[PDB]
Amino acid sequence: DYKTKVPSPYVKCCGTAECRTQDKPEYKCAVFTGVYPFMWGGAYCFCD
Amino acid sequence: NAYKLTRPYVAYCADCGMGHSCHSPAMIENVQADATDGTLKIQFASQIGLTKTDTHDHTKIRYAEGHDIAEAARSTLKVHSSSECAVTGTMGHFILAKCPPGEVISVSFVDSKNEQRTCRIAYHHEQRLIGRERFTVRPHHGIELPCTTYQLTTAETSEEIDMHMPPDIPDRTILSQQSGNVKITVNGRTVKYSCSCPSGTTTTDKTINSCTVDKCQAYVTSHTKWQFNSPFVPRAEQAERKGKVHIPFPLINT
Amino acid sequence: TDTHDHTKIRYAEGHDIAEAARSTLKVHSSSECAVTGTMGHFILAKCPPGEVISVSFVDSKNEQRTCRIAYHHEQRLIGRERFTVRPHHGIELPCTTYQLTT
Amino acid sequence: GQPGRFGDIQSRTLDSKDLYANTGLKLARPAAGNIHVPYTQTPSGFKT
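Residue numbers (the deposited numbering), protein chains in the order written: chain A, 50 to 97; chain B, 7 to 203, 207 to 263; chain C, 59 to 160; chain D, 195 to 242.
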């Protein structure tokens, strides 16, 4: 039997991205534009 | 013995008990049940067992609220699957139970000022039918067979979980106007913030002039203790830093 | 007789008026099920399936008052599936629910 | 091993370092105004 892992996604705001590849079986990275989260205390950051 | 570096924390949940989307200090994930006697080890976001800051105890649990640390009593810890089901000995981040079949598993207790904290997720199981029959409780004569079950010890045989350092938290109870100029009202912890209308100002209540509350943004850091590597909170600076601590309750054959 | 309150209920006995505490108000359908905010002559609940619904509390001198009637329901299956508790991603649909106003 | 049936995760002698895994991971768009990580997968092949 197997098990998955989803280690803690990354946000940085008003600055875009780039993820890097690495050796491990079935690694898939993605990149999504136009996200505006809203965490517990208030709105997270404002570079909307 | 190594829990003097972590904290309870809060996160998102599926439901609240009413049919909405609260935030609550008790949510569940990873209810794995790979034993054969039919008991399940569910993983729990708050901490039990340990009292306030550091000594060992068997009565007070430790949970979180806002920015600080609270406590409550272990004797009102309840779970439900479709009827009641009892708990059989616990410590750490984990509880483990013996429950009749159904479709949900819910874990709750009583917080400080006499309110309730619920969470309900979805899970499905049955009795696994060891032997060639279907019973519920063990009778008082017959054959013995091989089965596999959980220990109730503390020392561990090298399997662990990840650990990480917490990210920044914003707040808007700090902010206020002064009929005009802007003032950050600190209550005694280090705050570095921003407005564009911003530097490290530890333990100093300052006031910077000439703006509205539409343009200034605050953040509080928590650089002392650690926190779980969970997928419901944001991460860190983009480098890959972590740590480790162990998980109790190994397996044996009986 | 007359003031507003969130703690004491009002019941009757013989010819006079008594009181008891709201924190021992229980209902049962086939397991326990919680109450979600009440006033007036009415209570309203979220309960798993079964065949009876029972409402009880504790009166003055530490006794119990029960009643059991017959009623039948299920989960009504909005969508195309059968769950019990709402998960943490997916589509939103139209539904209809109760207010908690006055 | 096509996904779902027997032989979905392989390995030779049981220590470590080599796998084979094709379960069809895809990444989805997160919700409007939350923080989570969505996730989609054909369910496991051993415990079916």
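There may be inaccurate statements among the hints.
[Stated by the list, open to error] With a cut-off of at most 30 Å between alpha-carbon atoms, the simulated DSSO-like pairs for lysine-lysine come out as follows:
hint: 1; chain 1: A; residue 1: 52; chain 2: A; residue 2: 77
hint: 2; chain 1: B; residue 1: 251; chain 2: A; residue 2: 61
hint: 3; chain 1: B; residue 1: 104; chain 2: D; residue 2: 211
hint: 4; chain 1: D; residue 1: 211; chain 2: A; residue 2: 52
hint: 5; chain 1: B; residue 1: 251; chain 2: A; residue 2: 52
hint: 6; chain 1: A; residue 1: 52; chain 2: B; residue 2: 66
hint: 7; chain 1: B; residue 1: 215; chain 2: B; residue 2: 119
[What the hints assert, rightly or not] Non-contacting residues of chain C with respect to chain B, defined by C-beta distances greater than 12 Å in every case (computed):
hint: 8; residue: 111
hint: 9; residue: 143
hint: 10; residue: 147
hint: 11; residue: 153
hint: 12; residue: 158
In short, the hints are calculated from the structure, not lab data. Note that the Cβ used here is the ideal one computed from N, Cα and C, for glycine as well.
Results of checking the hints against the structure:
1. A:52 <-> A:77: 16 Å, holds
2. B:251 <-> A:61: 19 Å, holds
3. B:104 <-> D:211: This hinted pair is violated, its Cα atoms lying about 37 Å apart.
4. D:211 <-> A:52: 16 Å, holds
5. B:251 <-> A:52: At roughly 20 Å apart (the allowed maximum being 30 Å), residue 52 of chain A and residue 251 of chain B satisfy the hint.
6. A:52 <-> B:66: Violated, because 34 Å separates the two Cα atoms, which is more than 30 Å.
7. B:215 <-> B:119: Outside the cut-off at roughly 35 Å; violated.
8. 111: About 17 Å separates residue 111 of chain C from the closest Cβ of chain B, which puts it past 12 Å; holds.
9. 143: 4 Å, violated
10. 147: 10 Å, violated
11. 153: Violated, because the least Cβ-Cβ distance between residue 153 of chain C and chain B comes to about 9 Å, which does not exceed 12 Å.
12. 158: 10 Å, violated
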